[PDB]
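Listed below are the residues making up each chain.
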Amino acid sequence: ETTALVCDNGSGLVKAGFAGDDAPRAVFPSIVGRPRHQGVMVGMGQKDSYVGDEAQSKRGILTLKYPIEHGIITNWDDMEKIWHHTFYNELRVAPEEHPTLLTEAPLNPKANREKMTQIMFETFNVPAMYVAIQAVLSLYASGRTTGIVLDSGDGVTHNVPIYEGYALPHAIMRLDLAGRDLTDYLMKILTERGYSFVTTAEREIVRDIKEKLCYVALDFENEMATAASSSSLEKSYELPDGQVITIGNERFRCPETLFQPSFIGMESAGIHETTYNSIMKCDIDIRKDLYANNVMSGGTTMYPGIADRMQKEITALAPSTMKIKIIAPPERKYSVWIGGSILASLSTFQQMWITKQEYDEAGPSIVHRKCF
Amino acid sequence: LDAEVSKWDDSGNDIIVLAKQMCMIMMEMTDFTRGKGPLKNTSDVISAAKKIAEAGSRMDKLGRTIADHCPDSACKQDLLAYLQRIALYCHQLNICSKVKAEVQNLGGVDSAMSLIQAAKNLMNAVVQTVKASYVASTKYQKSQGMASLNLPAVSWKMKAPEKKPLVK
Amino acid sequence: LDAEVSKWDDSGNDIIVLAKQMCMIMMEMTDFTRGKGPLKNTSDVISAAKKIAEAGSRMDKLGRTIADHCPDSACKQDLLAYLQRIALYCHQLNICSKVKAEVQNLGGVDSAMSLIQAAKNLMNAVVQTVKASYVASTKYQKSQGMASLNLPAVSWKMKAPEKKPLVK
Ligand SMILES: Nc1ncnc2c1ncn2[C@@H]1O[C@H](COP(=O)(O)OP(=O)(O)O)[C@@H](O)[C@H]1O
Ligand SMILES: [Mg+2]
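Chains as they are written, first to last, in the entry's author numbering: chain D, 4 to 375; chain K, 698 to 804, 811 to 871; chain L, 698 to 804, 811 to 871.
Don't take each hint at face value.
Computed spacing ranges between beta-carbons, pair by pair [claimed, not checked]:
#, chain 1, residue 1, chain 2, residue 2, range
1, L, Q847, D, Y169, 31 to 39 Å
2, D, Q41, K, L698, 52 to 60 Å
3, K, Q789, D, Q353, 53 to 61 Å
4, D, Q263, K, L698, 40 to 48 Å
5, L, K748, K, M721, 44 to 52 Å
Here are the simulated DSS-like cross-link-like pairs (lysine-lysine), alpha carbons at most 27 Å apart as the crow flies [what the hints assert, rightly or not]:
#, chain 1, residue 1, chain 2, residue 2
6, K, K871, K, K842
7, D, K326, L, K748
8, K, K867, D, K61
9, K, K737, K, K773
10, K, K797, D, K61
Covered stretches of chain D, as calculated for chain L (at least 3 residues, CB under 8 Å) [unchecked claim]:
#, stretch
11, 18-27
12, 330-340
Treat the hints as calculated values from the structure; they're not laboratory data. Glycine included, each C-beta is placed from N, C-alpha and C at the ideal position.
Please model the entire structure based on the sequences and the hints provided.
Below you can see the structure in the form of structure tokens.
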């Protein structure tokens, strides 16, 4: 009769809700803001920190910090503030009545998961908790059990190949290029238009620019060439102040970092080439099913036209005798949440939590021999 | 824009009911900017602002009563900050109404608009401290001092929020 | 590809009949990918997936009923494994249909294809647990507990398989 709580603590958007549901009830950016000015009024000077949407509304007077950068957690005193805002202030449930399910990118440091379950037990007193891999839940949300997962969140971009039940942990390819690096490259590439976005409160504005304008070209060279004859690729976006900005080739040079990471100096391969590189790390028998089942979770795979370029860029690398199907579900931004609503509400799961009586005798090291 | 936040019932019996009174008097106060409510001149807006000032002082009293028994920082500092905000807003509204009344009886739309903006900030502060007092009460219900005030989590009429749209 | 596996009659009377219902609703469901059956929009695919989810939950119930009286590991562990597979598939289909319905009523072919693949995996799991339940029932027919369920080997309509081709 009790329900389970699920909380995808992403790098840019904390999503949370109840198990068995079909949509997250709370979604808010995981920002902690400190005020940085004097505060001359005698009231409204005691509020020392702001979290979530009330920091997103007041971002002009706050230094903004994400506690999660590239999947790992660098500030625990802000992460417990964000979780305390998540459970009480927006979900309005007590943690002691519901078991909780958290989300972790693969190949993370063990100290991150250890301090995460220690904070979840010895501060909020949950009955039971479970941390799951951020990519294995995307296959639950897609309805499948085979396929490789290209989860490109805000912090990290990881490819996990999973045949029917069984993952292949020697082929989990985690690349540190994601939406925050595209946001910083859009800050760097909008300087050539004349616009200077320097503070951390303008990162939100250029993130909104990336939201509503940036698409990815099917072919990059000729689309770059037609931007020289600047006639139809410019687009105007209105700022919060009122000034309009015009954007030309910067509209599609920003997602092209996903397929050419040498633009920001990263010695790596693009997300089309590490996918074929990661399928080739697998065995030759399951390679047919992994080529034909390519799910894409994460918000950074919500650019207009990333499925077409992903298919076109794999099919020049794969052998040309069997098809590639980049299956891109339309709700994929919340996809990591949706599988979290499945696995927590599944009937055969309830003897695979981490109970509090199992934690206090074995310490926080119980989370490694239970989850992965 | 707190009518979507003011989804409650007549329960709570000390905090929620005056919050609903302040919400309906804001909803009838800011209708004067559209000009189709029961407010005609400017002096009834002064009486309305005096009503919200007295109700905000009473809410400040009740918020001070709940804040004595909260043990430490985690929500008590937030509650004290919103209490200082609602105290500043109500005390500014109180003797900002007086100067507008004395301007009225010694000699015409923006005069209402300043009190409207003050009431809007007061209402945002009061729904913020309603949320903070809910968190502070249902966080520490086993703690001693909270149990004597007799405010269980059932008495608050806060439901779970809406399903967020997955697409668009 | 279980039509060659679904060579039965209307006997069995608890397990085989809903298996044939699930087989014919898969055969009408995956015809929508060819697009010449009685399925036109995507919402009837949602109702079909809800039908197979309810039938898979009923099959999980019956499989749990037969699995109590099987004595030890040899087929009971296989039956429990396929029961956990069919439980995962049906529960994933159940609330994967809801998000596709809410995407449908808030704003178009791959949306069907994900549920098609989930139903295909569900059907493979259900024919696997039909075979495992047949083995577990006709293995231990003299054992106590099996005889009360009243499922003899004659009631199953599994014939011997085809002659394998000797050449080519
Ligand atoms: N349609 C879109 N276009 C561009 N960027 C997007 C889009 N949708 C989401 N994003 C980016 O992806 C992020 C969404 O959060 P996400 O990274 O998916 O959460 P998580 O950290 O759990 O993966 C946002 O910060 C935003 O920058
Ligand atoms: Mg993430």
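Hint numbers not upheld by this structure, sorted from lowest to highest: When the structure is compared with the hints, numbers 2, 6, 7, 9 and 10 turn out to be violated.
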